[PDB]
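Participant: Whole structure, please, built from the sequences with the hints as guidance.
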Amino acid sequence: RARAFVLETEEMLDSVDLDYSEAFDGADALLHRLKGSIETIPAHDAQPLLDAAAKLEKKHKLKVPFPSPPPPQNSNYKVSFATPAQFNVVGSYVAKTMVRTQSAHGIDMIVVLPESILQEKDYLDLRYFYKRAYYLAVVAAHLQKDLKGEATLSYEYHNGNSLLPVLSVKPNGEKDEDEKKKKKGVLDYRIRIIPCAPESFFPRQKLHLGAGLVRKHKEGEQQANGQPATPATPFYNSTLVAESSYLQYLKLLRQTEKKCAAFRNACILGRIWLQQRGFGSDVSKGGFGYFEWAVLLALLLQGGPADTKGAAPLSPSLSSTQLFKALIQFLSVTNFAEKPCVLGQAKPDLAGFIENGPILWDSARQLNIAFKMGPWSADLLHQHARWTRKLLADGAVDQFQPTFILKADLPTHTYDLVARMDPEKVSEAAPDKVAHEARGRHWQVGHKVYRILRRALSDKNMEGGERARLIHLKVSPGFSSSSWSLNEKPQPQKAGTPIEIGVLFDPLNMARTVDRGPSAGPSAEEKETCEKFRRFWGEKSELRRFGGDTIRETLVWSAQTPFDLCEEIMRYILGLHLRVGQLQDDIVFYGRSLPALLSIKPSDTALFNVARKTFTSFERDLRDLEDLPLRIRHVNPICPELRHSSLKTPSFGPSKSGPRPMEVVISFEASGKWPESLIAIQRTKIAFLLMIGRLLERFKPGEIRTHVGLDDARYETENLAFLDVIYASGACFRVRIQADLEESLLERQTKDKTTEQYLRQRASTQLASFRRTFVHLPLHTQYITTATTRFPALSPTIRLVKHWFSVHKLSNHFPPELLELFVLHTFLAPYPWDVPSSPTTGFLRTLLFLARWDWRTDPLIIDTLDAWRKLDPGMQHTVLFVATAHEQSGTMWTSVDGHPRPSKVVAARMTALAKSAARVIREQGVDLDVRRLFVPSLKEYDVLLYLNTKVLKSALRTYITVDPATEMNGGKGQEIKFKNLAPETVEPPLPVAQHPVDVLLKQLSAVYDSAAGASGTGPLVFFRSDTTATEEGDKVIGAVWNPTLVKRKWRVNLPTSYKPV
Amino acid sequence: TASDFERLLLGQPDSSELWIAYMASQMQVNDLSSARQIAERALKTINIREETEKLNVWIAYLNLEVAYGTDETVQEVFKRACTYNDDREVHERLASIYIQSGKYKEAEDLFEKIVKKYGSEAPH
Amino acid sequence: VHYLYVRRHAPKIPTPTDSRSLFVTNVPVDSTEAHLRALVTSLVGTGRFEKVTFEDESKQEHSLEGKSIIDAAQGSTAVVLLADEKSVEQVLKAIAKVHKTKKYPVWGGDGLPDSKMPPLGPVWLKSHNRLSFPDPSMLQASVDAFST
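Going down the list, the sequences are from chains UV, Cz and CV. Mind the numbering: the first sequence is residues 34 to 897, 915 to 1111 in the authors' numbering, read in order. For the second sequence, the authors' numbering begins at 1494 and goes up steadily by one. Mind the numbering: the third sequence is residues 30 to 103, 145 to 218 in the authors' numbering, read in order.
Among the hints, a few may not be true.
Below, simulated EDC-like cross-link-like pairs (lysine to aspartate or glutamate); rule was C-alpha separation at most 20 Å, straight line [what the hints assert, rightly or not]:
1) UV/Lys-481 x UV/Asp-492
2) UV/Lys-96 x UV/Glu-207
3) CV/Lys-96 x UV/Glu-751
4) Cz/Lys-1596 x UV/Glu-388
5) CV/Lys-196 x UV/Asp-1048
6) CV/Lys-41 x UV/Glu-789
7) CV/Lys-96 x UV/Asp-745
8) UV/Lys-481 x UV/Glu-461
9) UV/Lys-1109 x CV/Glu-159
Treat the hints as calculated values from the structure; they're not laboratory data.
Facilitator: Next up, the structure:
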């Protein structure tokens, strides 16, 4: 792991490395010439507000006073301009850490005001920031005069801070070795001038976050034991002290460079970490970037642990590999993601971890490093750092290439909303009073909706366990421009503010009906009567009895089909507490196959009920208590109806459905009286099964009926007969007999027939198909029935992906467990994404991973090759490779069916439709027009044939228990029943209500292929015609001609339809 | 460095203090698996009669299993350490280790275990 | 139109059960004893038809192989058996002149149209009947007759 990470950090270094002639002289030229002009600037007199306005209206350039601008009745001071006194480079360029980032990067350029312009109280009430804006305005006007009008310029904000307005210059052209600087869109893209303050002029101890530095009330803000009365403004205080202390930070950072020059690749890897994790130094993205990463790395060089011993993986004689492992470990575990908001703080040198206070404190300066960061971004970093911890903690699979993207902040549940708080007193329930204007640094609505939805969706159990339906939250201010032009003072917006709510859900308690609270008080406690409960709820406060004899303040939600109770939560509480700004969620994927039971749609109970409860009562205990010449050894259910993979969560009755007959392997004890011939072994299996059947019919559950039918799933085995048991509640169960000498004799049949020299391929396919039928399905279903308790999105995710492959017509050749392990690849090894807390998110994850996987060099390994790739370089026999610890061969569910594999077949089409899915989701978005995903194109087909079924209306959907076809009235209630389908004869008319094209295309999957190969909606395994025989699909076959048959010679081993030429 | 450590080990193989120095460098480079590898290398290649060096490697590995390990690994190494060394002494070392680490509840469970098992002959 | 090829199976028959047959290639869809007796009686001057053995069709519906290609315990070509020598020679001189009626001087439209047996509802649905509901008396009798 370690040497691989070293060499992979080196390859990314030589890939994102730089050019020396680019750096010097391309940046150096403009740096020197801009400093020349900024020193040829002249200084003006100390002028008041009226002179400032009087020149600012007449000149083209405007000031940047943030709201609110100071009036002349509140402004008694004077503002001046003076000659700049200093020059330094800051950020990443003075440290030489910069990398070629394809979008942009900005080199920040300090200029510091002289000390004679300021007054010792100017850190009170917005004065110094007004002088700062005026200094910037004069620098602006005179640089417009001395550039002779050739370079363009815009107004911006530094790090998204609305209290630091800045200017960023943009070029337009490129020559060889002149001024102009366009082609370097990383280093020479942006030169952001920053106005700052000198060092140690304002009292930092009063610049502490807990002191309120905006005085608005003067009546009653005393006699309260110090200063809790004047409320603390941490964003404003921290911003002021950071603007005055930009300098000695870079001094300390340069010190850390020359004490360890591994800082280069250190913050290179940290910067690519942040750029891929989608954050930044912008306050909209959390305000965590290269600067914070560097200064946290520095203080963790000079300490960090509790006993102030040095950070053990951070001695100055290490490399960037272990340095980045150290930072991801510390950011995950000690006090640097969410713990610096809930349970502790850090110190600067000598650095320590103490168990109090939300702050990233530095002491000699009195500054929070995490002032732009909230608890939202905190828990986000905690998740990301835990993921990186386990990804660099594993030691079998390479994890340098996977880098995390925020599926938690961009889920499928993009609840867009339009909230127009104009006017504020009538369209916002929280009063944005002058106190709120002082506290919030123009992010009041953000903090408000953060707290509102977090307390809205958090629950509280009875044992004190703080369990919620959410773990993360972030508001993304879409259409928030940080750049504006030269003729306007603020950044105004006329289209309102869009508020995006991206929540990573908790699937263990997502779909729970009950919302929980505190003990329903004898006297109403403040927790019962706060802004989290009965007042905050209103009409949904009630009293509900538990299963544990305590009675608490509770809620009762609804469990429904097309959307979620969390969607109901957010709609109702948003409309109540922010305002009536509307909510819509129209991403339709919950319209799956809808099972016909009580309370549509039933949650994870119906599959359980029918399969498991009818399995227990009654056939299993009865079959184990029968008397027989041979005793049974195991009764293990191996179906999707147990393992949560069935396309239809089954009901009581549906003998017309595909996956309703439940296949289970049965076996008897070790007995040597089985014969040595396969036909004889299968006939003794039949005879034993007939004894079981007669006793099952003669005992008192004789309302169950049995029958012994033949099977044709295997080739060259025509004597296989089962017992499908028809339970009194309409369940179906196919039993099969597995024998050790049966396995060894079929290995012998694969062994012999050496003379003809051309039988070993078909012998191998029949052997592997037989092993698939009998051996490994036990271990598969035990593993996934174990995994379903920790991953609850699995069965609806499998239903979505198998529905997509069904409407695209490929699962006739694709086995269902192939699709199962393909989705468990996105589930159980979820890197580089989060856990799928929605079935929709899981479906999109499989779709995008299948869009970004190639079958040519990358195999699929999932934690639930070099002898095959060499003999198959063009891979005409095998396209996929899915190997586990359960199967290390990787060819067990892939090449046993005999999938044709040129570039003009099922597999390449599968690849192409996944690509087109990724294209359309990337291009137009997620809207109502997504259903081009679920309609098929029917292109690239040589001959097309439409078929029609001889059924009456609402057939077969009503007996496959799915509820489209409004023409059958009552599909949303309980009108359909199957105890009348429970038949009187086993002949027609019981199997006449089945669908014929399924087994027609089994014969049309039983003879040709050497002529042609087709795929239709029929033989789609464990799926009937219904959802593709409604409007959502159609009954078609599309037959393509293989490229191997164009024209050939007259043979006898021809098989095809050839004509004379 | 690891090559320096291997050179000083081929110079002095029985040297438990250098063994713990090498695995402690592996703690500083966070490779606890290679630290286990080094500890078992000490347990094999440290010679038969050097009981004090063996118990030094043992109690260091117990420090690892209480500090960075988990319950199952600390109990299996406790079993192996009493299987190959003195039960009373490895129990008292884990007790003082619990005293140092502050894990006082499981410390109390170990104390009642050792006054049950070895209160018959130890007054200490 | 469907083309049917006819060559002599006579120069490679050492087995007595393959006596006096015809090597057919590309038998049409659902080619059975009924389609064969219909075509041999529609050919004029022809003897008697008995049996098609080795009727494992390998074309007219999709998949990798056929159904009975390997003896599991230990090419769509059929073996059409006729009455005797005279019936074989008559069907040879009849299929020869049919292959010449491809270019017959009135028109080539005098060729025989091959009427299919289309899979009707229940007639095909006996496939569902044999996968799930066969006759237990016959199944019991067969399994006891072998297991005895």
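Participant: Give a verdict on every hint.
Facilitator: Quick rundown of the hints versus the structure:
1. UV/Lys-481 x UV/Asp-492: holds (19 Å)
2. UV/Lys-96 x UV/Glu-207: Distance of about 31 Å is beyond 20 Å: violated.
3. CV/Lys-96 x UV/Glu-751: Roughly 9 Å separates the two Cα atoms, so the pair holds.
4. Cz/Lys-1596 x UV/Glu-388: Since the Cα atoms of Cz/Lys-1596 and UV/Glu-388 sit roughly 18 Å apart, the hinted pair holds (cutoff 20 Å).
5. CV/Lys-196 x UV/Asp-1048: holds (14 Å)
6. CV/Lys-41 x UV/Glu-789: holds (18 Å)
7. CV/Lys-96 x UV/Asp-745: holds (10 Å)
8. UV/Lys-481 x UV/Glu-461: holds (11 Å)
9. UV/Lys-1109 x CV/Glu-159: Outside the cut-off at roughly 26 Å; violated.
This entry does not satisfy hints 2 and 9, going by the numbered hints stated previously.
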